[PDB]
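Here you get one chain, nothing else, as structure tokens; it is the form deposited in one PDB entry.
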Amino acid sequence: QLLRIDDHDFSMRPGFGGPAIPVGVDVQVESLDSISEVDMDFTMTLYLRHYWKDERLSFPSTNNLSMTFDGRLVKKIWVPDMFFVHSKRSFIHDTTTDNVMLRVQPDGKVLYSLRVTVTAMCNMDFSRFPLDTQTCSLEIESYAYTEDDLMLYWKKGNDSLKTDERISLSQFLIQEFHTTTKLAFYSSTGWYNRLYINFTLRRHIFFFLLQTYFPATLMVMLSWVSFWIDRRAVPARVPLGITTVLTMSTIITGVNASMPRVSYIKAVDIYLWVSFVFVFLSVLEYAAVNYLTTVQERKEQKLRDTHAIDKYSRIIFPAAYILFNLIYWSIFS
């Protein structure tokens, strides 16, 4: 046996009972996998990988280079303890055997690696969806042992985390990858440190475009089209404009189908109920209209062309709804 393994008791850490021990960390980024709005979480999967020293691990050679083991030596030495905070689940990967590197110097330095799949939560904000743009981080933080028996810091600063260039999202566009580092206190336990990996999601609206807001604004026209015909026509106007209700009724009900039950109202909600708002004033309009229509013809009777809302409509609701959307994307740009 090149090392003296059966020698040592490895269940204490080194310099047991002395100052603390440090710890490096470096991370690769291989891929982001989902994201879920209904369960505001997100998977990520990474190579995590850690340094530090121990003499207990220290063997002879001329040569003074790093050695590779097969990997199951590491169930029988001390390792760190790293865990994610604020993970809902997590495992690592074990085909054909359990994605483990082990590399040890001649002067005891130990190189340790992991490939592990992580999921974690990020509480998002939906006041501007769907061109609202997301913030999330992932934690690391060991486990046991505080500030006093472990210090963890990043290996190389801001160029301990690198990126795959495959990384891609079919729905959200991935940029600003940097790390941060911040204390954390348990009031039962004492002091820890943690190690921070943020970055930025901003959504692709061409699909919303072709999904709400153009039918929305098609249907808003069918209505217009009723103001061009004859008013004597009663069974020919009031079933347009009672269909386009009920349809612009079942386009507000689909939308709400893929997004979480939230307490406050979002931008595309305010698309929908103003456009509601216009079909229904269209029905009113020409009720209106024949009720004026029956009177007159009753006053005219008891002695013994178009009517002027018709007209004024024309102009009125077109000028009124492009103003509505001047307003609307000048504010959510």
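Numbering follows the first chain given and starts at 1. Note that the rigid core is defined as the largest set of C-alphas that superpose within 1.5 Å between two forms. What changes on going to the form deposited in another entry:
- Comparing the two forms between these two forms on the rigid core, the single residue of 158, 187, 263, 95 with a CA shift of 2 Å or greater is 263.
- In the core-superposed comparison between these two forms, the C-alpha atom of residue 133 has shifted by less than 2 angstroms.
- The two forms, fitted on the rigid core, differ between these two forms by 2 Å or more at the CA of residue 228.
- Superposed on the core, the two forms barely differ at residue 199: its CA moves less than 2 Å between these two forms.
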Contents of the next structure:
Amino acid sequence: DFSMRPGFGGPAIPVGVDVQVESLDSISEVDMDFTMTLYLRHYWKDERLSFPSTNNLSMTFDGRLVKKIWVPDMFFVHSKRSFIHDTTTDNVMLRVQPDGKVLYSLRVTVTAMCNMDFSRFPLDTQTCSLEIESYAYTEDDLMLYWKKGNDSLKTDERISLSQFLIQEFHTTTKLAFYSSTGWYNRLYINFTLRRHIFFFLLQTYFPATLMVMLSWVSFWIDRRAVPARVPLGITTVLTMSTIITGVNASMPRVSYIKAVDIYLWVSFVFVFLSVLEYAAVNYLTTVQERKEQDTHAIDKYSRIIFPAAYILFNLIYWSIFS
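Condition change, the form deposited in one PDB entry to the form deposited in another entry:
There are no partners or other molecules in what follows, just the one chain.
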């Protein structure tokens, strides 16, 4: 009866795992998941599978035999969807040796949930993992381990992504507990991710800075030229508002506060204050004309104060986000 595991009732059966990674097919920021294609290999010794031959060499069967014999039942923990490839036929392999050591191999694609924090965007780093576990059998019945330690993971040379950079592949293990079912062995495949920083500096942190620098030109124009100093500021407000909407249309769409939002909103406040400045100046000059019937003090102070505050802002901001 190939429904009972090898060594039933006695000690747990040692099953060993080997993995090779093919590709990383996609990543979704809004749904917080990633998709991967890999090869998965198993090993064990079963005597009901022995045969009399002198060759001392393995012999090959396929998926049809897999539905007759007994086989492990690993599954992917914290997955959203997976499948096994089937063209032009099932991507399954089964090799059987004279002494009874089986090898069993699959090709699969998995989508796995990854929790991500965007508060430092775009200067963040994300960490993700793939988890492997047996579904039905506890650690007293089935024992699970990496076949050759840290060397039981292999990775493909052309694995790439359009939005990210990948580094630091390694394996770990950990024991897990379910309250209604027991203690299970679990294996992990970990890696790290990062973005192209110097592109975001030019896409977002550059136009805003130029706009704030453009609002300071007003302090050097003659206060007598009202039809020239009034339209300049409000057009500058318009430009900055347009920019803040273009950046939002090109970003992934997240609804809590991010690093880049802070910088843009502060630049906006600097440009709004410049408009209030000249309104004060105009009003004071006008009441002086009325009272009686050279650069203004507020102009020659603004020319110093505004840039220095912006410089202080930048120092603190980049001390916090580094």
